[PDB]
Structure formats: C-alpha cells, structure tokens
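Engineer: Chain by chain, the residues run as shown.
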Amino acid sequence: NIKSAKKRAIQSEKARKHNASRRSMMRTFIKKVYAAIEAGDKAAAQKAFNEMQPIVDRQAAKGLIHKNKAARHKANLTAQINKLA
Amino acid sequence: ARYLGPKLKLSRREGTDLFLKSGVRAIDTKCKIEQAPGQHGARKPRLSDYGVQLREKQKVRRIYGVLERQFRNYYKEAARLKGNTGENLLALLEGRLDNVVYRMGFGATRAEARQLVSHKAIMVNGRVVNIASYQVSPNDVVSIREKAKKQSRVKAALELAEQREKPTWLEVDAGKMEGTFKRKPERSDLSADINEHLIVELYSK
Amino acid sequence: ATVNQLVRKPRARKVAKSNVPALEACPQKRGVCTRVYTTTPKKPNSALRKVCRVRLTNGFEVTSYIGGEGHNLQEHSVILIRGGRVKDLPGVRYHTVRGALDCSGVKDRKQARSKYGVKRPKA
Amino acid sequence: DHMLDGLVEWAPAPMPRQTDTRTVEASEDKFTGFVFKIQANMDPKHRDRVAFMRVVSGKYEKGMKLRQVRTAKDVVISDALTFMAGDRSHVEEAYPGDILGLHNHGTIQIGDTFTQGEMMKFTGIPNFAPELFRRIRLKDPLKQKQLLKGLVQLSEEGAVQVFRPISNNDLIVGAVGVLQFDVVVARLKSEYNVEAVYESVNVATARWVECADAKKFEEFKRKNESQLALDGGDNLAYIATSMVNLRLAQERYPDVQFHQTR
Amino acid sequence: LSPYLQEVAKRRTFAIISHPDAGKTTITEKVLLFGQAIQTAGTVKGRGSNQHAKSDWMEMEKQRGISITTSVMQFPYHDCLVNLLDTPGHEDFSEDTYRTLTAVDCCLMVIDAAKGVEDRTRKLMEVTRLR
Amino acid sequence: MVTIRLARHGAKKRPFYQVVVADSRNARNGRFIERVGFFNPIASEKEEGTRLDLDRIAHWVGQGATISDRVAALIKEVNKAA
RNA sequence: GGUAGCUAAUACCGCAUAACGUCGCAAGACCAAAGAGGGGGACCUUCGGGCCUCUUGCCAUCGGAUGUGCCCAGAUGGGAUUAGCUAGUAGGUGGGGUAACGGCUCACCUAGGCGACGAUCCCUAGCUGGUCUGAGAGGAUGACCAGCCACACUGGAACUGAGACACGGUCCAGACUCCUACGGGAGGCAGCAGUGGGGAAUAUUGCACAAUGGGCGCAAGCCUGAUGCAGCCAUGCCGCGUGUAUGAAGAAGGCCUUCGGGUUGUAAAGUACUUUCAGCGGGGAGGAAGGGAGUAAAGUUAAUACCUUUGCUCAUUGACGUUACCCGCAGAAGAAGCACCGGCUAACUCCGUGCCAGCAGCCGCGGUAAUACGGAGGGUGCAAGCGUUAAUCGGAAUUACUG
Ligand SMILES: Nc1nc2c(ncn2[C@@H]2O[C@H](COP(=O)(O)OP(=O)(O)NP(=O)(O)O)[C@@H](O)[C@H]2O)c(=O)[nH]1
Ligand SMILES: [Mg+2]
Ligand SMILES: [Mg+2]
Ligand SMILES: [Mg+2]
Ligand SMILES: [Mg+2]
Ligand SMILES: [Mg+2]
Ligand SMILES: [Mg+2]
Ligand SMILES: [Mg+2]
Ligand SMILES: [Mg+2]
Ligand SMILES: [Mg+2]
Ligand SMILES: [Mg+2]
Ligand SMILES: [Mg+2]
Ligand SMILES: [Mg+2]
Ligand SMILES: [Mg+2]
Ligand SMILES: [Mg+2]
Ligand SMILES: [Mg+2]
Ligand SMILES: [Mg+2]
Ligand SMILES: [Mg+2]
Ligand SMILES: [Mg+2]
Ligand SMILES: [Mg+2]
Ligand SMILES: [Mg+2]
Ligand SMILES: [Mg+2]
Ligand SMILES: [Mg+2]
Ligand SMILES: [Mg+2]
Ligand SMILES: [Mg+2]
Ligand SMILES: [Mg+2]
Ligand SMILES: [Mg+2]
Ligand SMILES: [Mg+2]
Ligand SMILES: [Mg+2]
Ligand SMILES: [Mg+2]
Ligand SMILES: [Mg+2]
Ligand SMILES: [Mg+2]
Ligand SMILES: [Mg+2]
Ligand SMILES: [Mg+2]
Ligand SMILES: [Mg+2]
Ligand SMILES: [Mg+2]
Ligand SMILES: [Mg+2]
Ligand SMILES: [Mg+2]
Ligand SMILES: [Mg+2]
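Residue numbers (this note's numbering), protein chains in the order written: chain A, 94 to 178; chain B, 8 to 212; chain C, 117 to 239; chain D, 7 to 268; chain E, 5 to 135; chain F, 994 to 1075.
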C-alpha cells in the first residue's frame, strides 16, 4: 500500500520462505526419532537423536526454535528413548 | 458590570445613604430621600422575612458597587474561611482596592475610587494595578500614580476624606499620596445599618 | 421494615417519566406539522386556543400550542416544538417556538419579546 | 482542423492586460493573475468554488507565495487546479495565458488581482447589476440549508446572488437576466436535494448594498430597516418597492452608493 | 529562446462565441480529438450519434437541455498549447461569457450558415471591439 | 529503555515542565515511573526555578537510564555538589 | 511483471572453536558470532593495506532495569413475566504443545463441573482515578485530563518480527466504490483538516518543528496535523469597560392626579474631570536550551593526530508575531441588554379589551373600572448577557442504612 515499507512486505515474504523450509527440515529430523521409537530400534533411535541434537540447538541460536523449546525436545526425547529401551 | 444610573434612586430604596454622592456635601437630602423611590414611593411596604433578608445584602452590594456573580463568590469565600462568615465576608468586601482607595480618601465616592484604579492611576507594593477588585493583603501600600498625582479631582477628594469618619486599619498621608493596609478590619471598627445573619441567612438553601 | 429484609429484597427507587417524551430528551425538535386547528379549553376557561398537530423529526406526531396572538402557520410549515404543557388544553404538552424556522413571531408585540420571538422594534 | 491551423498560425500569444498601474507584459516574470470567474461549482464532493484565474505574467509554481492585492493579505498557494476539460486536475505549475483554479472561501471575488507583491488591480472585468423577482419558498417542507446553503453557495459565483431579509423566512434571489431555472435545477442537482418554486415579489430594486461611517449607518440600519436586508456573505443591502422609493432612500443621505460588487 | 519565453510564446488562449445553437460546444468536442483528449467523440444531449459519449458540457442540466456555462480546456495542437473556452449563447444567460472574454487574447465566432448572422452574434461583436 | 524527560504541564504560553522517569515508548504526559524534580522556564529572578532529586536521578541512571538532552542541561546547569 | 545470466554485504549457510549454557543422576554428547569507520610511529610483506590504536558493532552465559504474558480471590448494570446451565463439559493417566502453568491439544479412564450467595438466557453497557449533586449517607454520572481494555470497511487467518495476529502490512471471503485500450486492476479519514448524510446543535481543507517528546543516525541532520500555536463560536468559568465628580423647588416631554400636585429625577441639560478598554503610533521581555567553527585536560595512545571531555571565543538558532508588556496621541469619545411586578416572590398605576383576544410553573386570572390579558408609565431582579426548553442531584424522612 503506497508506503515505502511495502518492501517490508516483499522483505518479510523472503524470510517466510527461508524460515518455512529451515523450520520444515527442523521437524522432519526430530520425526526420524519418533519413528525409531514407535519402531523400537534404540540404537537407531540415539542414531537419529544425535544427528538432530545439533540441528535443533542450532536453529534456536539462529532464533526460530527459540530457547528452551529445543531443551524440551531433546529432553522429553531422551526421556522416552530409554524409558523402555 | 458597573451600575451606571441614578445613584440616589438607589439610596432611597435602601432607605439609607449608600455614600454614592459623597463628593462635596454628603448625607443625602435634596433628593426626596425615602419618600418616593419610584412612583408609589409613598407606600408603606410591609416586607416579608425574605424582603428584609434580601434587602440587607442587596444594600451591601450597592454600598460597594459589587454585583451578584461576584458577590456570590465572595460569600463562598467567607464560608470556607474559618470564623464568622458574616465578618469574613465584610473583611473581603473591605479588602477591595477600590475600597482601600475611597477608604484612604483618594477619591470622592467609591464610584470615583474605581475610575482611577480602572485607569491605572494607583499601584500596590510598586506594580500598577488595573483590576478594581485586587485583594489587598496586609502590609500592602497603595499609592496614587506617581505620574498623575494630585489632580483637579483627587485633590478635592482628600478634602472631605479628612473630614469623614476616618478608618483605623490604614495609615494615610496627603503629599506622599500613599497609604498602608496595616491590618484587616475588625468587626467592632465598622458597621451601620448592616446585618450579617441577614445576608448570610440568604445564602443557605 | 427489617434490616434482614432490606438485605434481601433491597429498596428500589421509582424511576421518573418526563411530561414531554417526544424523545432524545433534547431541548427542542423540528416538525412538519400536519394540521393547524383551534380547540376549546377545560371546564372553567373558555376560548378558541390555537394548536397544531406536528409530524416530528423522530417520527412521533404530536399536538402543540401556538402562543401569542396570531401566527403565520398553516398547511405544511416547519416549526420547532419546545415543551412545557398547557393546562386548559389537555393532550397539549408542547409549545411550538414562536420565531423559529417557518414560524412568524408576534406582530407588534413589544413586551417579553424574547418569547413570542420578536426583534427590538427599532429603539 | 484548418481553422485550427489558422488558429495556431495567426492567433496571439498571451497579451498585455491593462491595470491602474501599468501595461503588464506577458513576457515579464513575477506572477500576475486576475481570477475572472468562480464557475457554477457543483462539485463532486465539495463547495470548492474554485476561482478561475487567467495568469497574465510570470510563472506559477506549486509552493509559491502570492499577494491578494484587494484584501492586501499575502497568501501561500498549494492546491491550485488545472482544468482538464470541465474536470479538476492535480495540478502542475503554470505559465502566462493558461487558466488556473484556486479555492474560494469568501476570500476571492470577481476581478481579484493576485500578484507576488505589486499592489495593483486589473481595470478589466464587467460585473453588472441584476434585475429581479422570485421568492423561492421550497417544497420538501424544509430543511433549510441545502436551499439557503445551496443559495449561499451558488451566490459567491457570478451569475445570481440571493437576498435574505430580516425575517428569517422570505428568501429573495436576484437575478442574472430571467434564467432563474438553473437555480431550481441546481436546487435538485449539485449537492442539494431541494425542489423549490417561485412567486411574484414587490421588489423592483436591486439594491445595491451599502456601508461607510458609523453611527449614521446605525441610524440608517434602523429607520428604513423594514425594508432592509442582508446577504449570503453576511452583508448588506436594502430592497425597494419601486424607483421613487429607491431615490428617497438614498436621499436620506449622504452615505454612499449604488454598490453591486459580485 | 530560454525555457521561459519559449513556453510563453507557444501558448494560445481563446474563446469560441455565437448565437445560441450555432456549433460552440460541438466544434469544441471536435477540437478536443485533434488534441488527443477524446479518443472517440460524441454529439450533444448525447443524441443522434449514439454511445454514452456526449460530452464535455460539464454540469448536468446542460445535458438535459442544451448548454449552460463556460467550460474550459487545455490541449496540445501542432507546435502549440491551446487554452479553450466555451461561451454560452443566450441574452439573459450571461454575463459570464462577457467576463470570460476578459481571459482571451482572441476569439472564434461560429455562424450558422443556414441562419446567417443572428441577434446575439451582432451583440457579441460590439463586446468584442471593446478590446 | 527507561529515560528521564520533561512533560509539558504548564499552560498556554507559560509552560511548566516536570522531570520524570518513564519507558521511552510513552506519551510525553504518559505513564511514568516516578516524578523526580521539576523545572520552571519562567519563575523570574526570585526565590526558585528548579528542583531535582539528583540522588534519585543517579539511582536510575545507575540502573541503565538515559537522559533528555534538555534534562541533562538541567542536572549539571544546577551543578551537583555545590 | 515473466524467462536467462553477472555481482557485493553487518543478507543467507556449513566448518572450527564452547563454558559459568542446553540434554543427561554421572559419565559424555551438542550450540555462536560481523564487520564498518577516524586515524598513525616502527618495521613494512605479495606496500590492497598488513600491523599499533581509540572508536563504534557482532556472539555466548549470569545478572539489573523496563515492558508484557499467566494465575487466584472480592468487587464491578437490570431482568425470575429468564430455573436450570455444561461432551473437552469436570477431573485423572499419557504422548504432543507453549516462552511459560493449563484441556491448550489428543488418547484412554472415572461422572463430574456450575446454580436461587442467582448460574443459564435476555436487555443494556467500555472499567477506574474521577465528575455533578448532597449536611452527610447517598443519587446521578464517566466529555475534556491520566491509567487499564477493546476496535481500526464486515468476517476469517497466518506471516514477519523482541514484541502484531498489525488504523495509513499481507492472504482469503463479503458488501461497496473507482480506473480500464476490456483482457485486468485499485481502495477504507473511528489520524489532521475537509464533503455528504443525520440532528435542537458541535470548528479551519491554517502555521511550524523554534520548545517538549518519539523513530533512524557516531553526528550533524532527516521524518513528526504527536506537540506547540493560530483561526472559528459569549459554550462556559474569571476578570473589565460602556464614563467620574457637580448640578435646580427640581426643564420640556411621558406617565398618574381626587388637579392643589406627584412622579420619571441628579436623571438630562450645564459646569467642571478622567481616558482603562478598544482605534492609530512607537519601543520591546520570556518561551533559547542546545548545536556549528577554534583553544587547554596524570583523559587514553607509540603518538602533539582521531575520539571523548570540560571551560574558553566568534557567527548564529523560533511557528505564535503588526507577541505579552511599556509609553504617547485623541476624545465621553466606540460599547446595554433580557426576564419579571395577583400569591409562593423583590417589585403598581392608567388605558384598551371584555370568558373575546389571550396568560399560566402550581393555585388561578378574562363576561365593563383586570396590580394576572395587550399597550403605556413606573418598579424589582440579573448584566454581556438575560430568558425559555432539555437533562441530573436537592428540596423529596416521597424506597426512610443514616431516615
Ligand atoms: N447538421 C449540423 N448540426 C450541427 C453542426 N454543429 C452543430 N450542430 C447542431 O447544433 C446543435 C447545437 O449544438 P451546440 O454545439 O450546443 O450549439 P451551441 O452553439 O453550443 N449552443 P449554445 O449556444 O446553447 O451553447 C447541436 O445539437 C448539433 O446537433 C453541424 O456542423 N451540422
Ligand atoms: Mg529501508
Ligand atoms: Mg510432558
Ligand atoms: Mg462577568
Ligand atoms: Mg422531546
Ligand atoms: Mg374562567
Ligand atoms: Mg402564552
Ligand atoms: Mg381537549
Ligand atoms: Mg414596561
Ligand atoms: Mg453549447
Ligand atoms: Mg455488577
Ligand atoms: Mg439472573
Ligand atoms: Mg456499547
Ligand atoms: Mg437528606
Ligand atoms: Mg457506573
Ligand atoms: Mg470526545
Ligand atoms: Mg500499522
Ligand atoms: Mg486511515
Ligand atoms: Mg476527520
Ligand atoms: Mg467538520
Ligand atoms: Mg521537533
Ligand atoms: Mg513525509
Ligand atoms: Mg505540516
Ligand atoms: Mg411635566
Ligand atoms: Mg490599549
Ligand atoms: Mg529569546
Ligand atoms: Mg534563560
Ligand atoms: Mg556530553
Ligand atoms: Mg527567523
Ligand atoms: Mg508592536
Ligand atoms: Mg438602560
Ligand atoms: Mg425574573
Ligand atoms: Mg425568587
Ligand atoms: Mg411582593
Ligand atoms: Mg405575563
Ligand atoms: Mg416555567
Ligand atoms: Mg380597565
Ligand atoms: Mg397588565
Ligand atoms: Mg431521597
């Protein structure tokens, strides 16, 4: 709307895009774990977890899975992966 | 906001000399004082408890030149102020600069006392004062305009001023044409045909 | 009576109703006025009082007095109704303002010309 | 197109206009326009009025400061219309010979000269006096402004002009020639949903609108006040019954014209 | 030939006058398509030449009857910038026309060749020679 | 960001600013944390003209509080320890 | 706008590196970032600038301050001619979720949760500090001012970001409207001002960022209808003037009269006198503080440069603005209206009229001497206002808790 910072729009749009996929891969990774859990392979479970552990802690530092939101994930995961394995 | 009309016409209805034609000779007379304030002035007005109750303050107003909107305010003041609202109200009425003027005889009547204050011809503890309503605190010292001092009018005024009751709360002169307001007028040192429980009574409902 | 009673059903004021409720509770209203007639007062007094039925702005239609002697009002006209009743003509709770909108004030009237809406007759 | 070729080929570039000061060359700088018209302003969302100015000399530029010679008050310009064919347009900056539009708020009249400073006034502009009749008394049984507002808005225009006596009602209008019809029509076009009709009115004059020294006038605004009116624009006027009653009126004397001023 | 005196010299501001129902307003609409302001054209009263294209008689009542008050126009033709007026025909009705002449440096009179010279045609020449 | 600025509580022509601690994001005369002195841009040469709880001001600054360019021009215009 | 291609960064992304952080009882796992300026002795190397340095910026962890979330309780309109309300409803366990607790979500499990201390349902309504009234208790109310909340064409949703579910952002739908070369596009004044419309009625399409305050910037500065001013309106509150003195058996004229006179009335005239305020003319505070150019500081430094700092000198910084205010000129000169007068109610007669015309807040006036109608004289009351109407509290102990 005729007001210079309509570029603020196309600007936000670019970010939306960028974030979307970052955030998108974010979860798919965590997924692999839940799968391993509903699947049983505890070796394959820590397997997935270790590869996501960093890739989560990272996006928080970047500012999209903010703060303890990662902690939660890593935590309640570790809490189950060995609750019965 | 000023009266502007037959000054005696008034004194005849209030049935007293309201000091409106002070100037040279005073003490009314030469105007039929009393017996014809109108066309039916002859009449014997047996007036109501209200009648007098009003007529009292309605007098006081005249004998100073104050109007209602302002007078009403004056009353509100005295009531808020601790002590006999009656005398308090008088103390406010006497504290008027127009009054401290005529009172210190720098003018014929209090109708002349204004023409001056209104025309920046007096001052207080220095600075000139134009509002014929200034509230003259204690230690204040009014003084005819150093500029226009002693004139065809004010000169002749001090004349009879000196030959009047002469106050007690103020210390006047004649050459320095300045007085001090030494203290607020007590109840004892002023009066006449003026009742307080009659004017204060009125402002109650 | 009882406090305990008052605690229960607590006392309730009696709301008030204005003698003039052709709305908005506003100083005056404007109306087209549907008829200009005259009628007759209550038992004691007799005359041909001047009144007008008036379609108001708010949709209420209501009769109104025409004070002073003689008026210009008629068929359609537009006036500004005022309030204050007329105890001689019941059902007449309003006075059309003389000297407002389509209303002519009183010809030659010289006293209390404020009401009856007339301008100083050249001092 | 020939007559156009002829138009371009022969017809004058902006010409000098005369003033009570000097021959004003078009070639000069320093802006100098003169109004000449405050068109029958409808107009899609305003009273606008938009006075039409000629531009005799100098270049107009949007933010420039100008001087209304008549009222002797300096005025800054911002919204200054350029009329793309019976249509307001924003807004550019103008050169001699163009036609510019402004925004009348009782400030502009007819023949109001505008300079950048030179106090002088263009000797042109006709401005003549109306004949009469009328009394629009309106169907729509009122309102009342929209009718009146309509009338006190078609009147700072040059065609007609109203007359409202000291009896609130009784609206008189006067009166280009006899086309008192655009009034009725602009009474249900432009921006007023009124209707309005006519009558005959005991008025020959026209009238003529007076003022000068005080006190004397207050004795005049009193004696023959019966009889005296006031216009949209808040002044002044008489309104007479005939010619003899016109002469005697002025003959009360000796305070001023005549005055028409549109 | 500075950018100032050039703009001035290339300008040309004129009237268009005649007796009521001669051709003002029509010749005007046509002058407007020679200036690329109207890509099509029309008639008057929106009449015989169809299409809601009348036009450029400002107002409204004009389009109901026939012409009222001076419309004003600016367009480019050849090497010039024309300022065009549209002066009402009718005795009682204008005024205005006269005051409008005060804004023109020259003037074009339309004449009905089926009528010759009519009344307000003669009266308009008198007003013309004034300047 | 907590700042110490002036609110215009004077009167037409005769202002009367009032130094106060407040979140910057606020209206001039808006939510403030606490008054902390004033400043009379009139007063005339007499008995007074300004006042500051400078020992509170320094408290707030000590908590990361910026100052008005005009608030500053007060603080030190009245010196500090004399 | 669409395809193809080229290019930089404090844009984006790995890697390195990691604890006082995150996960884990521990062991151990895993995460970050940015540079850009003003300069300058060495030496200077591939003499871009590396390097020294101060300045500003980036990361991580723990704090401070502010701001915001979230929770409980009590209180916060009317209606019982509204008596029952509720399936995610009430709780539990378990995943998920959020910044955070939580039914917030879902799964399964108990069958609960609320309600006459008035739920539910209708009607109304932004809440508060306060405001008007009142002796108070209360009643009424919540414009302007400040705090809290909510909405920004109607309905819905998320995105971006510390913070939005976003007045002058985005997407969808709806109603409307505008442009269009017809294929397609565009917009939301409950921001300032302004138009229409409605109404008994509510303002200029004004000036300026000079002051205060906000956003960016190292800074100057830029942006700012916030703000500061102005315009319009007696709408109010508060001031002030329209003249002050003197003046007669007391004019004419008007008014009543039993005609002898009374009264308007010191009122006017006349005589002296004063000029505020307006009108014309001069002089001229404060709102101004800071910034912009040069000089010194055991400031730091390798450095007298740069930067900061504090004093110092110069030029300068306003919208209001023909400012406020001061001083002269002239001359009572330019400025009084409105309601009322039978009673409550201060204040009276003549005439006209005649239960007509008409007044009236209540009682009540008018059918032949109307202090009540209308006019006139006179009188009373307020005064640039006065009146009417409307509305709230009072009087109303007339919803009475006080009572
Ligand atoms: N046959 C014909 N009719 C023409 C021509 N030009 C104009 N007209 C007719 O003249 C009629 C008047 O048209 P218009 O332009 O209004 O004339 P006018 O001179 O503008 N009228 P007015 O004097 O009222 O402004 C038009 O309706 C049109 O039909 C022409 O060249 N030929
Ligand atoms: Mg940008
Ligand atoms: Mg959990
Ligand atoms: Mg007053
Ligand atoms: Mg009503
Ligand atoms: Mg009777
Ligand atoms: Mg009546
Ligand atoms: Mg009846
Ligand atoms: Mg009278
Ligand atoms: Mg035509
Ligand atoms: Mg409640
Ligand atoms: Mg209930
Ligand atoms: Mg509501
Ligand atoms: Mg009580
Ligand atoms: Mg309430
Ligand atoms: Mg409001
Ligand atoms: Mg926004
Ligand atoms: Mg908007
Ligand atoms: Mg607006
Ligand atoms: Mg408006
Ligand atoms: Mg600023
Ligand atoms: Mg801008
Ligand atoms: Mg601006
Ligand atoms: Mg006589
Ligand atoms: Mg003056
Ligand atoms: Mg200054
Ligand atoms: Mg200073
Ligand atoms: Mg500093
Ligand atoms: Mg300047
Ligand atoms: Mg001056
Ligand atoms: Mg008088
Ligand atoms: Mg009264
Ligand atoms: Mg009374
Ligand atoms: Mg009485
Ligand atoms: Mg009466
Ligand atoms: Mg009444
Ligand atoms: Mg009689
Ligand atoms: Mg009578
Ligand atoms: Mg009660």
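Source of the hints: derived by calculation from the structure; they are not laboratory data.
Hints are not guaranteed to be accurate.
[To be verified] Restraint-style ranges between C-beta atoms, simulated for each label pair:
no. : chain 1 : residue 1 : chain 2 : residue 2 : range
1   : B       : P13       : C       : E191      : 31 to 37 angstroms
2   : B       : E41       : D       : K227      : 42 to 48 angstroms
3   : C       : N174      : D       : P260      : 53 to 59 angstroms
[As the list claims (entries may be wrong)] Taking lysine-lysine and the DSS-like style, the derived pairs with C-alpha atoms no more than 27 angstroms apart in a straight line are:
no. : chain 1 : residue 1 : chain 2 : residue 2
4   : A       : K160      : A       : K124
5   : A       : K135      : A       : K96
6   : C       : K235      : D       : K36
7   : C       : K235      : D       : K149
8   : D       : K221      : C       : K238
9   : D       : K36       : E       : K58
10  : D       : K51       : E       : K58
11  : D       : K195      : E       : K58
12  : D       : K51       : C       : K223
13  : D       : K51       : A       : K96
14  : C       : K235      : D       : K227
15  : B       : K157      : B       : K183
16  : D       : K229      : C       : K226
We put the beta carbon where it would ideally sit given N, CA and C, even for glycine.
Engineer: For each hint, tell me whether it holds in the structure or not.
Structural biologist: Do the hints match the structure? See the list:
{"no.": "1", "hint": "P13(B) <-> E191(C): 31 to 37 angstroms", "result": "52 angstroms, violated"}
{"no.": "2", "hint": "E41(B) <-> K227(D): 42 to 48 angstroms", "result": "44 angstroms, holds"}
{"no.": "3", "hint": "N174(C) <-> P260(D): 53 to 59 angstroms", "result": "55 angstroms, holds"}
{"no.": "4", "hint": "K160(A) <-> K124(A)", "result": "20 angstroms, holds"}
{"no.": "5", "hint": "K135(A) <-> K96(A)", "result": "56 angstroms, violated"}
{"no.": "6", "hint": "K235(C) <-> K36(D)", "result": "52 angstroms, violated"}
{"no.": "7", "hint": "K235(C) <-> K149(D)", "result": "23 angstroms, holds"}
{"no.": "8", "hint": "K221(D) <-> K238(C)", "result": "14 angstroms, holds"}
{"no.": "9", "hint": "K36(D) <-> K58(E)", "result": "40 angstroms, violated"}
{"no.": "10", "hint": "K51(D) <-> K58(E)", "result": "23 angstroms, holds"}
{"no.": "11", "hint": "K195(D) <-> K58(E)", "result": "19 angstroms, holds"}
{"no.": "12", "hint": "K51(D) <-> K223(C)", "result": "42 angstroms, violated"}
{"no.": "13", "hint": "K51(D) <-> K96(A)", "result": "26 angstroms, holds"}
{"no.": "14", "hint": "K235(C) <-> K227(D)", "result": "14 angstroms, holds"}
{"no.": "15", "hint": "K157(B) <-> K183(B)", "result": "10 angstroms, holds"}
{"no.": "16", "hint": "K229(D) <-> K226(C)", "result": "17 angstroms, holds"}
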